[PDB]
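Inspection log for the structure reproduced underneath, given as structure tokens.
Removed: one protein chain of the complex. Kept in place: all other protein chains.
Chain naming follows the written order as A, B, C and D, and within any one chain the residues start at number 1.
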Amino acid sequence: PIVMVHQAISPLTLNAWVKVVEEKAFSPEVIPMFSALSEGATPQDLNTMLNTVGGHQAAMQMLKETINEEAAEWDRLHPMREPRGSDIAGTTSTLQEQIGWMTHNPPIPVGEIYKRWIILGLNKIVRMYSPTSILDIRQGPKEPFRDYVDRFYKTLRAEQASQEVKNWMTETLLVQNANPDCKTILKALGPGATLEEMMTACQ
Amino acid sequence: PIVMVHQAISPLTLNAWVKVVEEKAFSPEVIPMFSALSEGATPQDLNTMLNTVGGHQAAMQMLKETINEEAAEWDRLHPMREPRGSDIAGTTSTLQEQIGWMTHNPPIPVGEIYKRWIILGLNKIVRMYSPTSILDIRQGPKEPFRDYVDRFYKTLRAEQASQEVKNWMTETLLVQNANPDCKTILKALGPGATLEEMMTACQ
Amino acid sequence: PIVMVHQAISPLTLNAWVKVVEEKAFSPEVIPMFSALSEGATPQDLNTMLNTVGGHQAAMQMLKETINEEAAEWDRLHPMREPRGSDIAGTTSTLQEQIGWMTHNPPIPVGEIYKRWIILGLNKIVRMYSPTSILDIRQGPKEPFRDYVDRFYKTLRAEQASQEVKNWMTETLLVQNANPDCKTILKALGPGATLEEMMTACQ
Amino acid sequence: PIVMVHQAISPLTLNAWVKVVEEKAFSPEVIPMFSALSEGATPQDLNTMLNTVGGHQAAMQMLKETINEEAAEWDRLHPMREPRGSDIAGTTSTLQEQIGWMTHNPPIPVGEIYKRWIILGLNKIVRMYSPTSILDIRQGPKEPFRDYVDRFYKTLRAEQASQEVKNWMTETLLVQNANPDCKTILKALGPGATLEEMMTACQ
Partner (left out) sequence: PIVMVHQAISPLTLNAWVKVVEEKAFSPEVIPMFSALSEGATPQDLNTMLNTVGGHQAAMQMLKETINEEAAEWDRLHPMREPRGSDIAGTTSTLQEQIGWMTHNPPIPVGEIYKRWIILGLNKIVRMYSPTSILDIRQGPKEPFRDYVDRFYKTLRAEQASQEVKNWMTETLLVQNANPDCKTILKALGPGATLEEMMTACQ
């Protein structure tokens, strides 16, 4: 990272990243992990981080394709030297040039732009690995209400609905997709009931 | 943490937190762990920590609801700019504003207030996820006395009884709810016998 | 720890401690782990460390009983303010007072005395959880000699025999309690044979 | 490492390296791990790192043989003292001489030369441990398309084909070697279809 002088990336960050990816794959919570681990990262460090993933090479090739396409679109829209597309990807620029950019006046936040492209690609990948849609989640005859609610809320988070859409899904789908007994309990609770009241009544 | 200058959050804290939650769920001892891991944390850091949990998304939504309700009640009671409820929760304030606040004279301890709200929500959730009451724990015909005592004391800790109530429960319930052989042994020991003496006599 | 200024306790120490207790219970080697992890700890830190154990709440109550009894005996024998019994246990003293005491001239090593009380309680508890005595360990008809010797020496360490007693036990008991074939081999080796020679002859 | 003064190598790097090798063997992503962990390493540190691997002793001896061959060829092409072949391997030079070299003006990048030889040997070994060729990868009757594609791309990365060859393999082989249903779907998609479109159509 940069903190102003350059500091070597620690092995701990690499090990944490590889372990999170091995254990959690592309579950939605991996993205805030990337965001925390990439604080202050240069493009070289980010490329190192990307290369450190051992599995899922299809996803990583997709990521390379998306980042290079976004860099080409940047070069089409936005023609010490000025950084070009191949400069943002860290493949034709040296560390010293990146350090110079990070400490120039005014600063050119090339790291933040690369991180934004990377988070866009990860969002695409997480969207791709979405197991099932929200409408396909229905409570089993003996499925625990808490476990079913947790799975439903996880699926809703996995989707890309807007806040108004997410709120409407939370309201309508949860009551509509519940098992008949829990649906009757919620209906007896009445509209406007908070999540805690419904959960404590169902149990 | 803050130590005064800002320091980057370490990967170790995130990994420890995720591992404790995966391995222990909401057992009571997770809260002092949270308290230790959040030493000097800004609210942004707390939101990062919260978002990194991958499962139990019902619980995390419950926590968000409780924190936002407490921030609204604070704003109702307590109407550099002055922080509003959503400012205390770190959703509309930047890191730089938080660093400025942490080093202001007099300091405005937004981190301690946010931590208090979070610990209130965790206490509520642990109390809600309490498996069974104290009165339902009875010793089996061949259950080991040490294991039964450990389970009883764990259940008592899980409850929210006051110190006088907890002491009365420890005295009356333990002797009354024990299996007949251990109850007879304790009665033969006599009143005022310490816990260590009773345990070493039962074994 | 204190190193002189106060430094926040690291998550690594908490995670190591909880894991050692989970993996090793009260095997004798857990005590040197406590001694290493509690270097420079304040009483607040010790209470934090104790509270982080999730299981074995019987053991922790026994520890609380022993520490409070020893603090009462200390107050009976030993009636900036002077610390009382409840001050060493960190329940009625603040962090700032502990820092002041730790950096006074002359220093009052309240942490080392508290550590001594804690180690006394751990020695008492480990002795209590001793599975079996030394005399009940006899080699099986087909039990490997190395595994049996390792188990025997572990049991001997678990006991509280003096150095002269331990040495006599190592000499007499090992040869006497061994299976007949290994006993004959050791007798053929002759007195004064070192442990390595006996082990390499038996194998 | 050197950062300029010498710093002791941390235990974390050694533990990370041994664990990565234990868990991933010589999968291709292990090479970027070596590259990140060996930042600033002296030859002594690199020899320690290599020797700490416990299994796969055939591969590590092969690496020693290969490195000594490059050192002999270097001595053939390139006959404060000057470093000789056995000096590049760190077997006949002291710490003081290597530190002196690392800080000479002009610098003699003995670490970079040793690292290049090591990465060449690891690349040779990974090529040797290549399980199967690309042409032997065929989709099963019920094999998931995503898993098959991931395995195919992993195998392709494991190979040493040039960029033009790799691109032609990705285009022709993937469509030709797929199962009939996915092949028909891809043909219906038409030429020029991106990886994301093909993957989202197949699923």
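One rule holds in what follows: contacts are C-beta pairs under 8 Å (C-beta built on N, C-alpha and C of every residue); 3 or more make two chains touch, one makes a residue touch a chain.
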item	value
From C:8, C:12 or C:72, residue that would touch the chain that is not displayed	C:12
Hidden partner chain, residues of subunit D it touches	8-9, 11-12, 14-15, 18, 48, 51-59, 61-62, 65, 124, 128-129
Residues from subunit C at the interface with the omitted partner, ascending	3, 10, 12-13, 16, 24, 27-30, 32-33, 36-37, 39-40, 146, 149-150, 153-154, 157, 194-196, 199-200
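Keep in mind that, in the parts below, only the chains that are shown with their structure count from here on.
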item	value
For subunit B paired with subunit D, centre-to-centre distance based on mean C-alpha positions, whole Å	46
Sequence positions of subunit B contacting 2 or more other chains	10, 12
